[PDB]
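Q: Below are the chains, spelled out letter by letter.
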Amino acid sequence: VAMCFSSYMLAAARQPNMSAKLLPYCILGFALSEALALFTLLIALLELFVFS
Amino acid sequence: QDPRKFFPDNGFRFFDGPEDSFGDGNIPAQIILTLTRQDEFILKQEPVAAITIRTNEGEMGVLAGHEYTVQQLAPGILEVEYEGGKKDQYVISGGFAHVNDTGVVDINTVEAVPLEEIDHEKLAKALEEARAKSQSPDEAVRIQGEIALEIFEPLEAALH
Amino acid sequence: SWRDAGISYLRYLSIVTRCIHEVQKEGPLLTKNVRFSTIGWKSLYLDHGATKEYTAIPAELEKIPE
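Chains as they are written, first to last, in the authors' numbering: chain T, 53 to 104; chain H, 17 to 176; chain I, 2 to 67.
Read the hints as simulated data drawn from the structure, not as lab findings.
Treat the hints with care, as some may be off.
Said to hold, decoys possible - With a straight-line Cα cutoff of 27 angstroms, these simulated BS3-like cross-link-like pairs (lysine-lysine) come out:
1. H/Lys-60 x I/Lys-64
2. H/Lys-141 x I/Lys-26
3. H/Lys-60 x I/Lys-53
4. H/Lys-149 x I/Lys-53
5. I/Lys-26 x H/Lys-138
6. H/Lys-141 x I/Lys-64
7. I/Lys-26 x H/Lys-102
8. I/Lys-53 x H/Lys-141
9. H/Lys-103 x I/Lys-26
10. I/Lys-43 x H/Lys-138
11. I/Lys-33 x H/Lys-103
12. I/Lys-64 x H/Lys-102
Unchecked claim - From the derived model, a few chain H residues whose C-beta atoms are all more than 10 angstroms from chain T:
13. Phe-22
14. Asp-25
15. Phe-38
16. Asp-40
17. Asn-42
18. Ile-43
19. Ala-66
20. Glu-83
21. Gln-87
22. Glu-132
23. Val-157
24. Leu-175
Even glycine gets a Cβ: it sits at the ideal position worked out from N, Cα and C.
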């Protein structure tokens with residue numbers, strides 16, 4: 053997640069003019085990382101709250 | 017005494033430098049190149065598709081909308097590529113490349129000669145001289161041979 | 002390398018320029034360019050009435066200022 057946002061700053065530091073065109077790819081990478089964590093957590097929440 | 021009869025102009029003001037831009041939001045399609053040897057340009061704001069420079073860190077390649085970066089030019093070759101697909105190679109002797117986000121390049125050098133004005137036969141003679149000079153144990157000759165070989169090796173590699 | 006030997010960046014550039022002037026072909030361009038490497042200048046300073054050379058900064062590129 054941060055490795056995405058951490059990039060966007062540095063890129064924006066080197067090219068502010070491109071800052072508005074890089075944000076979609078940033079949000080996309082964030083969303084996919086977050087979704088992977090979400091499934092990793094969904095196992096656990098699914099592991100406990102239903103299984104006896 | 018006259019109260020300051022003279023009022024000289026600043027010579028910097030007679031030049032027209034680019035103004036850098038923040039957040040313009042537009043990418044140039046082709047750069048505006050300006051190569052200068054000691055004082056005289058060889059190219060003045062030419063449209064150019066691409067350019068390729070050599071540095072100590074290594075060889076770089078610049079296109080339109082390249083990030084603002086200022087850096088040395090290692091003594092070697094310099095490739096310009098116009099929109100027509102042709103190319104133009106220039107040998108240089110150091111300098112400083114000033115790139116712009118808006119698309120401007122100022123490659124200020126001490127020398128700029130095309131490869132077409134160089135002959136391999138005359139170069140081959142200088143090579144062994146610079147080499148044997150590097151072999152001679154003496155700080156006055158060794159460094160000079162090292163520098164000459166530094167400029168000659170890329171030429172010997174590129175002409176082939 | 003040449004850095005700690007004392008010679009500056011600009012003498013290094015001028016030496017590389019002199020080398021490029023050596024290798025390049027015979028033609029009008031070489032006639033224009035040899036002028037941009039050859040050494041003809043001096044320094045001088047006035048004594049009480051006479052001229053004297055300030056030879057602490059040499060023109061020849063192999064040497065090192067002191």
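Q: Taking each numbered hint in turn, which are not upheld by the structure, reported in ascending numerical order?
A: 1, 3, 4, 8, 10, 12, 15, 16, 17, 18, 20
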